[PDB]
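Novice: Following the hints, position chains L, A and V with the ligands against chain W.
Now for the letters of each chain:
Protein chains: 4
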Amino acid sequence: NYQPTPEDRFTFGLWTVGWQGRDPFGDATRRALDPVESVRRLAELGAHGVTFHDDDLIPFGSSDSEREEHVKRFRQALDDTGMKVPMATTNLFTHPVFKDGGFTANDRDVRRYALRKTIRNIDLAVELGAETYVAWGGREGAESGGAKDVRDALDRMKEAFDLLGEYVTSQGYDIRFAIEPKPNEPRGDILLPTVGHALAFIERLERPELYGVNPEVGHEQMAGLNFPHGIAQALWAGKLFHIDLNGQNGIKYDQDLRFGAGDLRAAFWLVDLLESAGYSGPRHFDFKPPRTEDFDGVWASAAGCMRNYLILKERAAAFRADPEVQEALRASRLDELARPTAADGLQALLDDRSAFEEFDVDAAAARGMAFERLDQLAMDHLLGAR
Amino acid sequence: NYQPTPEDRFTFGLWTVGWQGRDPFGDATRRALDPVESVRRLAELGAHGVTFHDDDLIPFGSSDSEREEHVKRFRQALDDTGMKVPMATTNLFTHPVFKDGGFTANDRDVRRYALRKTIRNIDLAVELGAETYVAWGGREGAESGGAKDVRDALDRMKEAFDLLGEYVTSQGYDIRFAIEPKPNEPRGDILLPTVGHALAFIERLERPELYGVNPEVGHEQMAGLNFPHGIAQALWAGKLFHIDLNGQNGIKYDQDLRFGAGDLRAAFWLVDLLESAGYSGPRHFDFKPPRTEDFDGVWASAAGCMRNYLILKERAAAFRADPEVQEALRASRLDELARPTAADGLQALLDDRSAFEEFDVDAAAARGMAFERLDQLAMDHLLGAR
Amino acid sequence: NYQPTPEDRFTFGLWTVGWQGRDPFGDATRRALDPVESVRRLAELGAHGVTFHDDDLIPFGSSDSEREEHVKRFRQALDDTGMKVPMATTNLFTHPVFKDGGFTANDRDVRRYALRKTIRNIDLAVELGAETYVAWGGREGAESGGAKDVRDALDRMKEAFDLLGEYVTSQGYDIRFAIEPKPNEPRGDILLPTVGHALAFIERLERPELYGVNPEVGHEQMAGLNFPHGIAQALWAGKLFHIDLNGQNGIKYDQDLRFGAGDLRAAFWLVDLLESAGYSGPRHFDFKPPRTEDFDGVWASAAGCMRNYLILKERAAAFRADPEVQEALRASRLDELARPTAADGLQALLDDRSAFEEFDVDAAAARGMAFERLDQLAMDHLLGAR
Amino acid sequence: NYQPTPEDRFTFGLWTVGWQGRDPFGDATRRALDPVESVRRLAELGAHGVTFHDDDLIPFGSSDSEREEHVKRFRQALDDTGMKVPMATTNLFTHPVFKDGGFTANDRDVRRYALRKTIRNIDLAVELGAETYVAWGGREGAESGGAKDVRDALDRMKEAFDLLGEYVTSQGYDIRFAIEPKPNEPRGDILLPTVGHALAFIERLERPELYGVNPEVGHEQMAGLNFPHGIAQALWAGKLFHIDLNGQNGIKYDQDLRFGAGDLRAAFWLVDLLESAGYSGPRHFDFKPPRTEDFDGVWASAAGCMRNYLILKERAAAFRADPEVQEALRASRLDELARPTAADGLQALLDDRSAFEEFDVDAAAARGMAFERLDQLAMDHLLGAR
Ligand SMILES: [Mg+2]
Ligand SMILES: [Mg+2]
Ligand SMILES: [Mg+2]
Ligand SMILES: [Mg+2]
Ligand SMILES: [Mn+2]
Ligand SMILES: [Mn+2]
Ligand SMILES: [Mn+2]
Ligand SMILES: [Mn+2]
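Residue numbers (the entry's author numbering), protein chains in the order written: chain W, 2 to 387; chain L, 2 to 387; chain A, 2 to 387; chain V, 2 to 387.
A couple of the hints might just be wrong.
Copies of the same chain look alike in the list, so a pair counts if it fits in one copy or across any two.
Stated by the list, open to error - Straight-line Cα separation of at most 20 angstroms, EDC-like style, residue types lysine to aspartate or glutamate; simulated pairs:
#, residue 1, residue 2
1, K159, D345
2, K159, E204
3, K159, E337
Read the hints as simulated data drawn from the structure, not as lab findings.
Isolated chain W, as found in the complex:
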């Protein structure tokens, strides 16, 4: 029942199931996982692929010989399991050298080192077959107002992404970039805090068609925002290159709960949106098994990520296929929302007396929207009450 298959495009970061359980007030509760182990267990659970930071796969400071050995180890695990590597990313946040950021660090030499660290992992990602390269600028920001001129930081961020886009085109690489927004933590405020801010920044890049967003469920909910609404605007702009699925209980620290947890109804409306729009990218889970769990609970949490998506997918499909729902959507004039407001043109609208001079404003105002019956129908479908 609700069994994931590799064709479901479910992917996991090595840092997700491999999280040793270390939070700001406690030490690790689980031993480190061999990346080869994680690929094997995730393949057994029905996952389609894995993703990685450079430091997840190759320990920081490894020589060129150990690096090659670590990649050959990893490559063999992908060959033996049939697991893909659809996206890769850079760790520009863990080492103390990135404490003021990577691409927008105040120190110029740290910025230049951040670009070199990203570039050689882009080579590795392409060699592993990744189609998307994600950038989470978790250290780009500030705790105080004077520590960062945001206009200058935005110049340095545009410079870095323009240089990366110049690298991939000059190399012929078939890879696109996905900015992952986050409003805060670990910095007090992070640059490009939401999906909207990231989408606007992309329009100022040299080659905007190379860049999209990788939104995370919990990150937009850390700002109290409606995540399905943000995804819809990302899809509307044609910039949903990638997605991060997890759960979050409102505005607080980044929980990274398994998908389906947190705001359950928002997860239902997101799956309904992703499936109706025909999203064909990876279903990526950027989550953390709670440090209360042993390794059996780690794999149970990862399986719950995939199970919860499949249950919600079934409930959303039954919701849209219901003739009572389809009739209710017409009763709320969802069909009129899709119709153009003034396809007849500006001049016709200006001479249309039925639009103003002879508009019965009270008859229109008295028309109920019937949203509550429609929403209860969605609730019945989500809960399996019909």
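Specialist: Relative to the frame of chain W, chains L, A and V with the ligands by itself:
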């Protein structure tokens, strides 16, 4: 001391000082103000101009004769006082007909009526000399997930703004549009919730150069966002057409407190940003005198808006002019943040061994940012402790 | 399917279904309801009773003759339908005279008038058979720090409730008081913001056994708090006299959505808690049908309140009755949580070497909590996936 | 200027200035501090004393010989500097054994070990002369609803504190307990989330007079609550045994910024409250120097904690001493708030026709509160504009 002059570009909405004090749980505590009265008292306080919704100046449903009479009344008050009208806007949120929105209402005929209501107030705004026309889509949104397909709503929102831009260019009007974002209230979630979302939406319009943002202090703080950071990104994109100043105490209902209230330090960093960047638009206060006040408290609150800006302007100017601060900014490498990361080019950065192979990552990591001394210097300057 | 009966103890405020749809940015979208009408339609839907503010039933300023007429009208509707009146309350927030509060208004004469308004509605509530009298101090608070000395306000709040408790005991009335907390709105900060603050204040009253709490789902979620946790502490103290059920989407304005909306999983854990603990009070819905609805949507929303509780009640009962869940609860040591930590006493614990000197801290640390499998089992039960 | 002296009662935790800068997404940026070093540098800065977790002073797992050596080292540093130890606490949150809590862990044997770990540090705290013992139950809580029965957990929490109170009285120790609330992080929801919840729980203990609260500025602001209001209720109940001062920027992760940062106006109203009420306990700073700082920035941040309190103390004292402010306080009827509402008694209030039958409700409603002029006067005083 800290006396505003009309050259300070301080402006107020008629709906601000004219707010009768009616909240969702109580009736009005103040009588309605004659718009002529509001223009006279605000001019006496040192304000530079006023702004208005169409329904603030002309009562809804007024005939073409009373409309002209109401405008002639208003025009005479501007002539007798020297008060400008730099921005105007439309009330597409009060009447019950807009309960599901205006530009993105599900009913098509309400959308068409919303455009006609906006267009004829654009004519009046141009006749009154307004340079900016603001759109706050307070009713564009939903309380439930199925009530609104956001992709379709974004098509209807783009259609409306494209038609308005087509009207003003075909008429030769010298006026620009400023979208005012708000994350929620009165709707459960409002479309284009933050400055970033509005900036990204503008890049998909037919003539993006006609559209900017009118951010409000409290609205971005309703999402826990750093308002000075959002303004900097709006300035970075060259889209800060207008600004709304007020105060807000964190994530809750839209308080619309007087400017300087709420987050005082964030107000200091905003004034510092607005003045250093050379912002030359109106300093507009979209605030509400608390309903506990009589009319004497209304004018005291409005005066406090202008006083608080002038105090913060002086403290920010003394902050930047301090040689100890200038030396501290260099100690934190703010000068290096403004320097290009790789002006030598991609190829030079790739062959630069000092950027990676020979980068002393521990020496760079051990370099303190000295942000705390810089921030305490800003705190001393704000508090007048130096 | 999921049909409410009067024995389900479902109750509604007259102000809930009777909300005309007036928010801070719009006018009413529905006509006023006759209280007799509301009693009839709610009885047809399966509700058990209604509740009321004094101003909901008797218009403010009504003479002693119209007052009696309004009550006789209402009494006849209760007799014809079999509808109870389990709780009543006072409107100390709508009239402009309460703009600085009622029990803790700065003006003494307004405080004294607030007590007289409450007392004569206590008489009416007893005559109508109410067992609980609710106090929501929505206007007790401040927007600025100097406007209210909170220690003095807490003295005035204790004085008011002590006087009310002195009235009901001297009259022999069989009625108890329930304080309904709310963190903010309409005031910037409201006194006694959460369930905890109200519970602590009750312990300082003259006769604490006369006072309990009436928590609301959305109000505690306006502070980001876990509502099931707060109810458990209220039950733990034996002070859950009454409950307000609705929905809320995180930290924002008081949405008052229908129950089941907002945080669906938190609604499931609340119903599970209320039923397992044997809560026998009224299931009261303090909600607002969205102003987008006509009167048909009003009754659909009210029916959804009752339906959603019954669905969640069934899913929670199936959850606790599942042997796999019962075995999982033991695997997570929920049975050990209920066992006393040191029933052997302090001296025995001090001499117990197995508790410290010989405690294998690493063997205990390596024991997984198995919380994720338990939570996924709860998720399957909520979604009807088992 | 604004120089702290030991008589200012300023104290710091060893874990504050000693924080190595390790957050959930990065490694340490500073070496560990010798506790002897921290006592020396803090004494040079003008601090009055230090506080400690048991694991801050004695490394976890130390033998009885190294333990005594570590204490003798520490004792010598206190003797050479004149530094006090006013409060101590237990680390029941760092070791993996506490991953499900200490006093309310599901496993009984972990609960018993948590009590033994606390008890022997109570002995050490008394030997070092601490008057207050703080308990922060950072691990008492849950991430999911079924993982913890809160009623059972509250029984286990009451059992633990009753046993600790039984230990200190049976030993003749002169020490009191202060519960430090926190709404969340590291757990999804923490038991006793706010000051109110902790105050209510104390009233159910066996000897409530032994227990108070140790509120933290940022923790109550993590729930959007007004911290000065919470302190006033703690003072009103006579339970402000201790206080934690820091800064926090709204609802997000626990920032632990230096005091004065975050919400500056709320810091002003807190100092004004603490000084007017005559609070004589330690001024304790539970803060974290940002990991961007080296050790020079650590001591600059700690000095800023003390400086900011002294500046705010001066501005608040000048505020209350201003005759214009005193006259404004009377204009807003703050003197009437302190007057009893019905000192004449219930019977007199019932027969007082001027309180109801003859109360001019419109004349009272028309009286302005004059709160805005009072607040602007406070703003001028805070900013040094008068
Ligand atoms: Mg992510
Ligand atoms: Mg505005
Ligand atoms: Mg309620
Ligand atoms: Mg603390
Ligand atoms: Mn995350
Ligand atoms: Mn606003
Ligand atoms: Mn409510
Ligand atoms: Mn903290």
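Novice: Any of the earlier hints contradicted here, and which numbers?
Specialist: none
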